[PDB]
Amino acid sequence: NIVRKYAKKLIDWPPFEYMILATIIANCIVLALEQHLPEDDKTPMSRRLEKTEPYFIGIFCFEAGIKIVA
Amino acid sequence: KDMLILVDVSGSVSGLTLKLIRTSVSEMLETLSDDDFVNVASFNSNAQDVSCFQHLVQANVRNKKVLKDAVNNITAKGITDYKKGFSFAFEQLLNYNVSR
Ligand SMILES: *[C@@H]1O[C@H](CO)[C@@H](O)[C@H](O)[C@H]1NC(C)=O
Ligand SMILES: *[C@@H]1O[C@H](CO)[C@@H](O)[C@H](O)[C@H]1NC(C)=O
Ligand SMILES: [Ca+2]
Numbered sequence: 076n077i078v079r080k081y082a083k084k085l086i087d088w089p090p091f092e093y094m095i096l097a098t099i100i101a102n103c104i105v106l107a108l109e110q111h112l113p114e115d116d117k118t119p120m121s122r123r124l125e126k127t128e129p130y131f132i133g134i135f136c137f138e139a140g141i142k143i144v145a
Numbered sequence: 252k253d254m255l256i257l258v259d260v261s262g263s264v265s266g267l268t269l270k271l272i273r274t275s276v277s278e279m280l281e282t283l284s285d286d287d288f289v290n291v292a293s294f295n296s297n298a299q300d301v302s303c304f305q306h307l308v309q310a311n312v313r314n315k316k317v318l319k320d321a322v323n324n325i326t327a328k329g330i331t332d333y334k335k336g337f338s339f340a341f342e343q344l345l346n347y348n349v350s351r
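Protein sequence lines, in the order shown, are assigned to chains A and D. All residue numbers for the first sequence refer to the deposited numbering, where the first residue is 76 and numbers rise by one. All residue numbers for the second sequence refer to the deposited numbering, where the first residue is 252 and numbers rise by one.
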């Protein structure tokens, strides 16, 4: 598990740090748009947004994956 | 009239809005005669009657008291579904087997 020939350390680089920087901004906007309703109620828009959390989770576990293997 | 009072008991009406909704429905039933038929239905992700009446009953003193005492027992919880609540409302006004 110290397998050299990473080829992922060269992916930690100019462009894929400026895309993570943008996925984080998108995520912060999404967390801004949310509205909390009193008792289990949800606005239509919050139900709409709850269908993006898997995308962000995917990109972030991808970052953990690439940083950890590299 | 043939009202059907569709209360919205979902999450977002809890607190003051529910106090005002139950007072408003009490004072809406108060404007009903004995020639008028009423039934109170409430929806949150599925519609149901607030009381034991499953159709349009007459708005006399006893029925109005039952509807008021059911309305005052109502509680707010869950997501709102206008389509499922209006299906109920429109279906209860097409029920011609009862006195109306
Ligand atoms: C009506 O109020 C009684 C009194 O507490 C309560 O037990 C009951 O749950 C209420 N109605 C419904 C449908 O829950
Ligand atoms: C009303 O009466 C008709 C005829 O008997 C019957 O088919 C129907 O199930 C009854 N109930 C409603 C809600 O229409
Ligand atoms: Ca609502």
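Just so you know, these hints were derived from the structure itself, not from any lab. Mixed in with the good hints there might be a few duds.
[As the list claims (entries may be wrong)] Calculated cross-link-like contacts (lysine to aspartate or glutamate; reagent style DMTMM-like; alpha-carbon spacing at most 20 Å):
1) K328(D) <-> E128(A)
2) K117(A) <-> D332(D)
3) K319(D) <-> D253(D)
4) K335(D) <-> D87(A)
5) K328(D) <-> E92(A)
6) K335(D) <-> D287(D)
7) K252(D) <-> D287(D)
8) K334(D) <-> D287(D)
9) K117(A) <-> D259(D)
10) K270(D) <-> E114(A)
11) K334(D) <-> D115(A)
12) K270(D) <-> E128(A)
These are the hints, each one checked on the structure:
For the hint linking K328(D) to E128(A), the alpha-carbon distance of about 25 Å lies beyond 20 Å, and the restraint is violated. Among the hinted pairs, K117(A) with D332(D) is consistent with the structure: their alpha-carbon atoms are about 11 Å apart, no more than 20 Å. For a cut-off of 20 Å, the pair hint linking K319(D) to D253(D) stands: about 17 Å separates their Cα positions. The straight-line distance between the Cα atoms of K335(D) and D87(A) is roughly 51 Å, outside the 20 Å bound, and the hint therefore fails.
Taking the CA atoms of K328(D) and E92(A), the gap is about 44 Å. The hint is violated against a cut of 20 Å. Between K335(D) and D287(D) the alpha-carbon distance is near 25 Å, which puts this suggested pair outside the 20 Å criterion. For the hint linking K252(D) to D287(D), the alpha-carbon distance of about 5 Å falls within 20 Å, and the restraint holds. Between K334(D) and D287(D) the CA atoms are separated by roughly 26 Å; this puts the pair beyond 20 Å, and the hint is violated.
At most 20 Å may separate the alpha-carbon atoms for a hinted pair to count; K117(A) and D259(D) meet this at roughly 14 Å. Taking the CA atoms of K270(D) and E114(A), the gap is near 16 Å; set against the 20 Å cutoff, the hint holds. Proximity of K334(D) to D115(A) is assessed by CA-CA distance (about 19 Å); at most 20 Å being required, the pair is judged to hold. Restraint check: the Cα-Cα separation between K270(D) and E128(A) comes to about 36 Å, which exceeds 20 Å; the hinted pair is violated.
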